[PDB]
Amino acid sequence: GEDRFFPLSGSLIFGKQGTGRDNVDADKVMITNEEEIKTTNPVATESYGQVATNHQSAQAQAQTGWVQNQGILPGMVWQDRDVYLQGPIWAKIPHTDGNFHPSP
Amino acid sequence: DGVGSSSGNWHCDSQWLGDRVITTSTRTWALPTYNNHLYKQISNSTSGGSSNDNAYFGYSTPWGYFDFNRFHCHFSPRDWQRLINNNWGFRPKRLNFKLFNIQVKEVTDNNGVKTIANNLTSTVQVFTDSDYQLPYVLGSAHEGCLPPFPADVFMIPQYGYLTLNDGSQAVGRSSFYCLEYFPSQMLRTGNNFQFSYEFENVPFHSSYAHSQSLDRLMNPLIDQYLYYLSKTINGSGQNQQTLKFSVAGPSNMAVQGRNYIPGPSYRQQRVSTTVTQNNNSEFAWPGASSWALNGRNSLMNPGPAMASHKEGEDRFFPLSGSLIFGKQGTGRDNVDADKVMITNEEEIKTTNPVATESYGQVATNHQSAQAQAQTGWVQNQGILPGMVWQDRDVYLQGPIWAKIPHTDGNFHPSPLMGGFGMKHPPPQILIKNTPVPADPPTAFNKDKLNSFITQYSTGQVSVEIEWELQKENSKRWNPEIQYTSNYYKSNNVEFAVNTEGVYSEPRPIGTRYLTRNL
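Heads up: the protein sequence lines correspond to chains K and 8, in order. Residue numbers are given in PDB author numbering: position 95 of the first sequence equals residue 624, and the series is strictly consecutive. Residue numbers are given in PDB author numbering: position 324 of the second sequence equals residue 542, and the series is strictly consecutive.
Pulled out of the complex, with its shape left as it was, chain K reads as follows:
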């Protein structure tokens, strides 16, 4: 319902034909939208959720904090970033001891 904003560094930004190198106006580029993927995936600009930070008691109220980042859990499901016609087809998975879901 609000498309006015976008994640700072999380979005893909493509330039329009004949676009300068530096300090080009917002209308010179093409900003990518993640809208489709919001069913399985959290909003990039918002916290993942909320979690209890202490134990309640008769004396103590319950305090809960914000989860800013979250790793994988065992029940967790997501999708990969969308494939644009202006974007990369493949990538090389670095050769390493271990990697998780090596999708670029």
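The hints are simulated quantities; they were obtained by calculation from the structure and are not laboratory data. It cannot be assumed that every hint is accurate.
Claimed, not checked - Result set (DSS-like, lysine-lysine): computed pairs, CA atoms no more than 27 Å apart in a straight line:
1. 449 (chain 8) / 462 (chain 8)
2. 621 (chain K) / 689 (chain 8)
3. 449 (chain 8) / 557 (chain K)
Claimed, not checked - If you want a taste of the chain K side facing chain 8, the calculated C-beta under 7 Å gives, among others:
4. 542
5. 596
6. 600
7. 623
8. 625
9. 628
10. 629
11. 633
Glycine included, each C-beta is placed from N, C-alpha and C at the ideal position.
Starting from the known structure of chain K, fit chain 8 onto it as the hints suggest.
Okay, now just chain 8, sitting in the frame of chain K:
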């Protein structure tokens, strides 16, 4: 096959085929009588009731076990060099264990002089647990392995295990195992024991470093076709805001986009070797990263795999994250820093974050015209979908394999201390002197016989492991780092015997010298 014949010969050699090396090694051992032929339960309360966080309940057995889980057992320092200089990766394939030339000796102690005599008919009994039914203690990096130097004689360690407890008290689920209830193989002098084992397929260990870091994978000559937000404020003064974009390229290196990110981090406290720079407080236990289980804090010893000293400053090390090996002839407690050997993670800093430093930074709120942007620090990070790392390095003094606990699920079960995690590892090999009782009373008595004969056994073991090698294909032009000996003169030779006969290993030796492209 008799008393006079020999059970087997001494076969110790390393034969290097192109793709595989076979390391045979033979030692001679001495097996005492533990617990006076008794099972006994042990707890903290047996040692002392001082700690809750330190609490245990378990059983010590008369049995003892062979442990060959360190590389120095199977490799000479020259064969380790030949391995780590010429090969990218190595993996174990098969294992062959022989036990032969067993000889049992009764100690008859007369109060004038203690006398030792050979006992021909006595037996020693040996079984391997191939069903992994007994608790598997080998993967814990306990002392008691084969000695590194083939000429030493080693005493076999006593077997024991821990089970569930609440405090020092047992739980209904705590299980008691009778090692005597098993089909062991009894054998006398003139009998030999052997078995073979084939390692389940595991990934090669990486003996290579990386020749380019994860954050520089790009072409330094060419721009990306993607843009970043370069400027927001359009100038000093009120109401100056402009979204301005720029092509990420060689000029601004950091802001480029990347397909992959470094591995997870669990932050460690940073301790400096030079002692004046450290805080004047007991921060060891209080200020250390730990993990709690069942209301019980287990200090986080090498949990993740992370670079140690960042770069250019090696003076410090992660508090509990580093591996610390002791030098030859080192005390048990409060030994000085120069008595031990501190391991360096330096190689792995290309794909992995520095252990002592935060993983990164993250936005903690939404900006607005009224509100500034606040960002916090990420102290620990889990796996993400684009995340890449490497495993901790394999030292010649360190563990070869570990047993992956049998559980519903696990992620990348590589042992955090090092080596090859295995669902079914090489089976434990347990050995005990069969008891010979002293003269029983002439009248029958219900009570079990508590009087035995002082006795011990000897013999030789042969541990033959077959390895699989991944050879260096590297195409780089310039020469490569290798492991060398310091040419400069010294009173002694490194990795050689002393004047009084004490063998020692001067420093730890990792596997990562050769490099490879990331």
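- For which of the previously enumerated hints does the structure constitute a violation, in increasing order of number? 5
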